[PDB]
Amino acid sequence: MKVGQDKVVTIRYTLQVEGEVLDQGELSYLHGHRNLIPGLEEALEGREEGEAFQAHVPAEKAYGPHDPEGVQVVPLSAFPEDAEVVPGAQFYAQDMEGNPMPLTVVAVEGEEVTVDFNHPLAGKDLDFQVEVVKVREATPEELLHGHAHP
């Protein structure tokens, strides 16, 4: 079977950014429901079980560019007193709607904490070594929820 719309696709991957390896793993996604980054989805379209390939995904097709207005300062008064602000730690904030907003603290300067709301891989081009381990047709419940079961 070939990778296409409404197919649950599981694949192994390893990600190269700037010639360095940053993660490697295995995951399954529902194809065609905006669950994978566009470039990777376009790359996997039409592939058949067992295939393997390299794929270059520019930032536009993967997690987008870095927004400079995605960086601002929030007082430490807003962080959990129990929790520690340290460059690299990640917390959640809330929008006016109350929907969550992830963040990564970049630096702490006393009362002032500098944080980035951008995706950690914004403005970063991606290199993938990917093999397609399995394709299957999705189940009704997965289609009703828009995501693959596991």
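Numbering follows the first chain given and starts at 1. Each form is matched to the other, and the largest set of C-alpha atoms that superpose within 1.5 Å is called the rigid core. First, how it differs from the form deposited in another entry.
Comparing the chain between these two forms, the hinge between the two rigid parts falls at 61, out of 91, 106, 61, 47. Superposition of the larger rigid part on its C-alpha atoms leaves the smaller part rotated by 12 degrees between these two forms.
Show the other one: the form deposited in another entry, since we just had the form deposited in one PDB entry.
Lone chain follows.
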């Protein structure tokens, strides 16, 4: 069975960015419902069960470009009372509506912390080694819920 719309697809993958392995695992996902980054989904379309391949996904088809508006300066007093506020530290946060807006610390100067609200992989090209392990039809329950089930 080939990867396509409304198939549940099981893949084994390794993610590398700029020569460094960032993640590895196995995933089952519902194909064609914006559940995967667009570029990888495009690369998987039409693949047969058992196929293995490499996929270089440009930032634009992955987590998008780095938005300069995402880099902001916030007061140090906004951070958890006894947290370590240093470059690379991550904190969850939300916007003025309530949508998830996690951040990464870029730099600290006195009581001012420069943070980045961009996705950590924004602007990065992603390299995947991928194996298609299984392809099956989605169940009605999966189609109604919009994602794969165990």
